[PDB]
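Enquirer: Here are the chains, one letter per residue:
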Amino acid sequence: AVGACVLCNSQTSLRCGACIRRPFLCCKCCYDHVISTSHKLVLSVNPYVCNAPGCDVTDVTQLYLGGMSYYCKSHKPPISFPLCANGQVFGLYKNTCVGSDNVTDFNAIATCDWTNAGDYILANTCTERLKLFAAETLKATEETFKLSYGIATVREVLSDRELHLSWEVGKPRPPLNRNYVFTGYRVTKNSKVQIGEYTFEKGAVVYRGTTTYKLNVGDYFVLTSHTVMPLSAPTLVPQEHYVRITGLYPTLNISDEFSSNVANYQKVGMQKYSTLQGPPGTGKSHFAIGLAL
Amino acid sequence: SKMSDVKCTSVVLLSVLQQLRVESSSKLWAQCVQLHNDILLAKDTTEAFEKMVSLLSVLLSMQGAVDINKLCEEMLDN
Amino acid sequence: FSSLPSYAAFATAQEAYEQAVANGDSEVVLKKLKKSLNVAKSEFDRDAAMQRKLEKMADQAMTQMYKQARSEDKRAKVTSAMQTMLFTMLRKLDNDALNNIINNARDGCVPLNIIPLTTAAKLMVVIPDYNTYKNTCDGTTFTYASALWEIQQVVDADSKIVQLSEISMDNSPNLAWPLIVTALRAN
Amino acid sequence: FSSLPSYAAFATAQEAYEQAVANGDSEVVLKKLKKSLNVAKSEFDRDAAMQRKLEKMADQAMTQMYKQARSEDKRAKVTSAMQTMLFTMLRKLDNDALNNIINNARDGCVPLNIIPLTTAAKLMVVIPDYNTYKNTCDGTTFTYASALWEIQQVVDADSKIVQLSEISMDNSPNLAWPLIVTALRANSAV
Amino acid sequence: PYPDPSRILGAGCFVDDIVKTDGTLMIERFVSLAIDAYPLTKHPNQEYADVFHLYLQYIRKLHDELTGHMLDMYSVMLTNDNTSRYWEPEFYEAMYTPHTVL
RNA sequence: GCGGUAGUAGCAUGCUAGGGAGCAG
RNA sequence: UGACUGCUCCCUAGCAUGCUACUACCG
Ligand SMILES: [Zn+2]
Ligand SMILES: [Zn+2]
Ligand SMILES: [Zn+2]
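Protein chains in written order, with the deposited numbering: chain F, 1 to 203, 208 to 297; chain C, 1 to 78; chain D, 6 to 192; chain B, 6 to 195; chain A, 830 to 931.
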């Protein structure tokens, strides 16, 4: 429930009703999220909606906080004060809030379909946590637009590595190589049953065997995906070079078969993070073992 | 004051043991329940302590379960 | 409640009427002033209580939502809370047998069954290093849980019997170390 | 609340009266203003009160009818569930042994306690300890209720399979003892 | 009538549910428990009245904890209007005096 | 000059309905 | 998985009655 909006540095219990990750936005922050774009629905500890039976109001800009509940516009007991008023949205942390100077971060990159280059452009023009939000939203959009294609299935089976394959109802098909593993499940009558891992490239349907299989009637193959949880630790560590070689277990011998190892050994002696830009044959083959010894 | 403390500790210990899915073994759960019910009815503070040792041995003889060392480094048990 | 237009109108009317009356005047002026004053006074007095009721109701609603959020949070950390509490009380008890077995388990010597209380019945522990064997087992007697036990069997990870005379400082490091001592409670 | 039928007349009369007042005319026009505005507000009062009463009455009626509809839907679904349960449990009556013992009755009525005793296909036995076990279901086939049953499976209190080769006097204290034995009617029903 | 003090203390210390090991979430439990334990103050034995006094002090402590604990991280300011009645004996003395109310 | 009537506001009293909790057989 | 009764405290909503107050109509 109680998460964290960090650009305004505001603990929050609110979240946007119709958005990517149910993102967390503080009172004023949810406000300029819902006036700079169209997101007229929010979620709190309880969802804001009129509580009389049979009533239906999606909007929040006209709801009222009644007798320990919420009531609305078309069906109006108005003995209350409005929920959305005075540059803020009613909730906890209604006083300890800051706001945002850059009004259109979400309004820019959380409002497009997460496929333009501008998303990554702004993600690189971000902070560590803002770009964390960016990366998690890229994984979310990857999965949410992967879950919009078909599920392959073998209903009558043929000889292995040459079968027949019908797919789904009306949906398109993704790219063709082994990038998408066709690892689905089998249904006997209501349950899911051991299937294995498959991949469809050649179609008469030629399959590549990640395992040896005895396919039965109806066997369905598709990637069923969960959603990546939020992460709690930073990606990169800030650059701080060491005072000395304190806390190391030094050795006496020096690597000789590797002709560019000793100075880099000393570097690891006082370097905290280390990235390089290299094709195959750049120490990835032997320098790791060099540090190991 | 040394008796109510051990009764409260026994209640907490039985709760912790129940949280670890111990009642999925009928014999162990029956023994634990018998020990816990016997501690609360005690009148002198030596039988309660030996039964407490016996009951704690059940939690200690479960390898994965909990981390004795981390739970001892948190300004907790010595 | 001095932040509403009704308050401003009522204050101006009050000041005007008070000044006119203190200056001294006739009856019709007083009547007109009070007929123009009382409506503004009622206008102020209604909101003066409506605002108070609204404010207290909002405070109560925020209180209730905080309570609900806190209860939902609390009912989701019970395992860790209970374990921490249990070990805190176990500290506070301060018993020698409990301390002995807790330290033994913390160093690696845990039992394999329920510790018996009778003058009989078997107890099995695991001794993973020579130092624990040095501390606990000396001679043919076993000290565990502030009691005394008598060794009768030693079994290794390969399940072969090892005689007591075999175990020694330099004579040990050629063995499967997770030994299993089976003893009975001495009288 | 702003376009009521009397609102036009009230507002027009108020505007005209206040224009006459702003004209600075005699006191007679002021008295006429006061009387007309007083009666206008008096007639606007009930037109502003009765409408508000009626709206709340209508809202209450709507809410009550909605909840009635929901109750009817719930009744329909519970009726469907009960019918399904009855027709599902019907399909296990073993309609030949039951018919055979019903026809032997002199008027069609039989006690309920003897229907499972003479027509059931499966038997379940719960055994406290080994002494009771060796007197009731020893071996692989036993006799109970003037019939012959043969064992099919044995589980323990934890619902794990137990083989008859390890139910002995020496190995008794190593089992979760509330054992459950399942048998089939031999030569008769299953 | 007065109950057994052990019953009242056991009801205080041992609960079903986990959400009742946080007094601020339910202060109305202790008000009822102190209503049940009022007549113990007329008992010649001394701990019996101490039970009722302990309950009153715990109620006051819980209220103070709630107000401060809510004013601190949030900024909502609480008032103590007609709340002090719950830690003074006159609210509980009126339940055993013959005058029907409510 | 006094009373009646029509709205409006605050306060008090008893019931009905909803929710949370305590004790007893 | 959570029976039948009885009593009591707290919060909100509605109804009825009473007290006071502010305007207006009528005599
Ligand atoms: Zn949004
Ligand atoms: Zn924000
Ligand atoms: Zn509504």
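Treat the hints with caution; some may be incorrect.
Said to hold, decoys possible - Subject to a maximum C-alpha distance of 27 angstroms in a straight line, what follows is the list of computed DSS-like cross-link-like pairs (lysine-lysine):
| id | chain 1 | residue 1 | chain 2 | residue 2 |
| --- | --- | --- | --- | --- |
| 1 | B | 37 | D | 37 |
| 2 | B | 37 | D | 40 |
| 3 | D | 40 | B | 39 |
| 4 | B | 72 | D | 46 |
| 5 | D | 97 | C | 27 |
| 6 | B | 40 | F | 189 |
| 7 | A | 849 | C | 7 |
| 8 | F | 76 | B | 82 |
| 9 | F | 76 | D | 61 |
| 10 | D | 46 | B | 39 |
| 11 | A | 871 | D | 97 |
| 12 | D | 46 | D | 36 |
| 13 | A | 890 | D | 97 |
| 14 | B | 165 | F | 76 |
| 15 | C | 51 | C | 70 |
| 16 | B | 72 | F | 73 |
| 17 | B | 39 | D | 36 |
| 18 | D | 58 | F | 76 |
| 19 | D | 39 | B | 39 |
| 20 | F | 202 | F | 189 |
| 21 | D | 36 | B | 46 |
| 22 | D | 36 | B | 61 |
What the hints assert, rightly or not - Pair ranges (Cβ atoms, derived):
| id | chain 1 | residue 1 | chain 2 | residue 2 | range |
| --- | --- | --- | --- | --- | --- |
| 23 | D | 144 | C | 37 | 52 to 60 angstroms |
| 24 | C | 47 | A | 840 | 45 to 53 angstroms |
| 25 | A | 929 | F | 86 | 43 to 51 angstroms |
| 26 | B | 146 | C | 34 | 34 to 42 angstroms |
| 27 | F | 275 | D | 187 | 27 to 35 angstroms |
| 28 | B | 155 | D | 144 | 42 to 50 angstroms |
| 29 | B | 146 | C | 31 | 33 to 41 angstroms |
| 30 | D | 12 | F | 53 | 36 to 44 angstroms |
| 31 | D | 113 | F | 107 | 35 to 43 angstroms |
| 32 | B | 101 | F | 190 | 52 to 60 angstroms |
| 33 | F | 86 | B | 56 | 53 to 61 angstroms |
| 34 | C | 34 | A | 840 | 48 to 56 angstroms |
| 35 | B | 139 | C | 43 | 51 to 59 angstroms |
If you are wondering where the hints come from, they were derived from the structure by calculation, not from laboratory data. Every residue gets a Cβ at the ideal spot worked out from N, C-alpha and C, and that includes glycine.
Enquirer: All the hints need checking, so say for each whether the structure fits it.
Expert: These are the hints, each one checked on the structure:
Between residue 37(B) and residue 37(D), the direct Cα distance comes to roughly 18 angstroms. Compliance with the 27 angstroms bound is thereby established for this hinted pair. Proximity of residue 37(B) to residue 40(D) is assessed by CA-CA distance (about 18 angstroms); at most 27 angstroms being required, the pair is judged to hold. Distance hint between residue 40(D) and residue 39(B) is fulfilled; the C-alpha atoms sit about 13 angstroms from each other, no more than 27 angstroms. With a C-alpha separation of about 46 angstroms, the suggested pairing of residue 72(B) with residue 46(D) is violated against the 27 angstroms cut-off.
For the hint pairing residue 97(D) with residue 27(C), the CA-to-CA distance comes to about 31 angstroms; that exceeds 27 angstroms, so the pair is violated. In summary, the hint linking residue 40(B) to residue 189(F) is not supported, as the alpha carbons are separated by about 85 angstroms, beyond the 27 angstroms threshold. For a cut-off of 27 angstroms, the pair hint linking residue 849(A) to residue 7(C) stands: about 20 angstroms separates their Cα positions. Taking the CA atoms of residue 76(F) and residue 82(B), the gap is about 33 angstroms. The hint is violated against a cut of 27 angstroms.
A distance of roughly 22 angstroms separates the Cα atoms of residue 76(F) and residue 61(D); the hinted pair therefore holds under the 27 angstroms criterion. Taking the CA atoms of residue 46(D) and residue 39(B), the gap is about 21 angstroms. The hint holds against a cut of 27 angstroms. Of the pairs offered as hints, the one joining residue 871(A) and residue 97(D) is violated, with about 36 angstroms between alpha carbons and a cut-off of 27 angstroms exceeded. Taken as a hint, the residue 46(D) and residue 36(D) pair is honoured in the structure, with Cα atoms around 15 angstroms apart against an allowance of 27 angstroms.
Between the alpha carbons of residue 890(A) and residue 97(D) the distance comes to roughly 25 angstroms, so the proposed pair stays at or under 27 angstroms and holds. The straight-line distance between the Cα atoms of residue 165(B) and residue 76(F) is roughly 61 angstroms, outside the 27 angstroms bound, and the hint therefore fails. Between residue 51(C) and residue 70(C), the direct Cα distance comes to roughly 26 angstroms. Compliance with the 27 angstroms bound is thereby established for this hinted pair. Distance hint between residue 72(B) and residue 73(F) is fulfilled; the C-alpha atoms sit about 21 angstroms from each other, no more than 27 angstroms.
In summary, the hint linking residue 39(B) to residue 36(D) is supported, as the alpha carbons are separated by about 16 angstroms, within the 27 angstroms threshold. For the suggested pair residue 58(D) and residue 76(F), the alpha carbons sit about 19 angstroms apart, so the restraint of at most 27 angstroms is met. Of the supplied pair hints, the one linking residue 39(D) and residue 39(B) holds, its CA atoms being roughly 17 angstroms apart against a limit of 27 angstroms. Between the alpha carbons of residue 202(F) and residue 189(F) the distance comes to roughly 30 angstroms, so the proposed pair goes past 27 angstroms and is violated.
As the CA atoms of residue 36(D) and residue 46(B) are separated by approximately 22 angstroms, the hinted pair is consistent with the 27 angstroms bound. For a cut-off of 27 angstroms, the pair hint linking residue 36(D) to residue 61(B) is broken: about 41 angstroms separates their Cα positions. At roughly 39 angstroms, the beta carbons of residue 144(D) and residue 37(C) sit outside the given window of 52 to 60 angstroms. Separation of residue 47(C) from residue 840(A) is about 27 angstroms and departs from the stated range, judged on CB atoms against 45 to 53 angstroms.
Between residue 929(A) and residue 86(F) the C-beta distance comes to about 48 angstroms, which sits within the given range of 43 to 51 angstroms. At about 38 angstroms, the beta-carbon gap between residue 146(B) and residue 34(C) stays in the expected band of 34 to 42 angstroms. For the pair residue 275(F) and residue 187(D), the supplied restraint of 27 to 35 angstroms is violated, since their beta-carbon distance comes to about 54 angstroms. The beta-carbon spacing between residue 155(B) and residue 144(D), approximately 59 angstroms, falls outside the hinted interval of 42 to 50 angstroms.
A beta carbon spacing of about 36 angstroms between residue 146(B) and residue 31(C) agrees with the range 33 to 41 angstroms that was offered as a hint. Separated by about 41 angstroms at the C-beta atoms, residue 12(D) and residue 53(F) satisfy the suggested range of 36 to 44 angstroms. Restraint check, residue 113(D) to residue 107(F): a C-beta distance of roughly 58 angstroms breaks the suggested window 35 to 43 angstroms. Hint check: residue 101(B) to residue 190(F), Cβ distance near 31 angstroms, so the stated range 52 to 60 angstroms is violated.
At about 31 angstroms, the CB distance of residue 86(F) to residue 56(B) disagrees with the hint of 53 to 61 angstroms. Roughly 26 angstroms separates the CB atoms of residue 34(C) and residue 840(A), a value that falls outside the hinted 48 to 56 angstroms. Separation of residue 139(B) from residue 43(C) is about 41 angstroms and departs from the stated range, judged on CB atoms against 51 to 59 angstroms.
Of the numbered hints stated above, those contradicted by the structure are hints 4, 5, 6, 8, 11, 14, 20, 22, 23, 24, 27, 28, 31, 32, 33, 34, 35, listed in ascending order.
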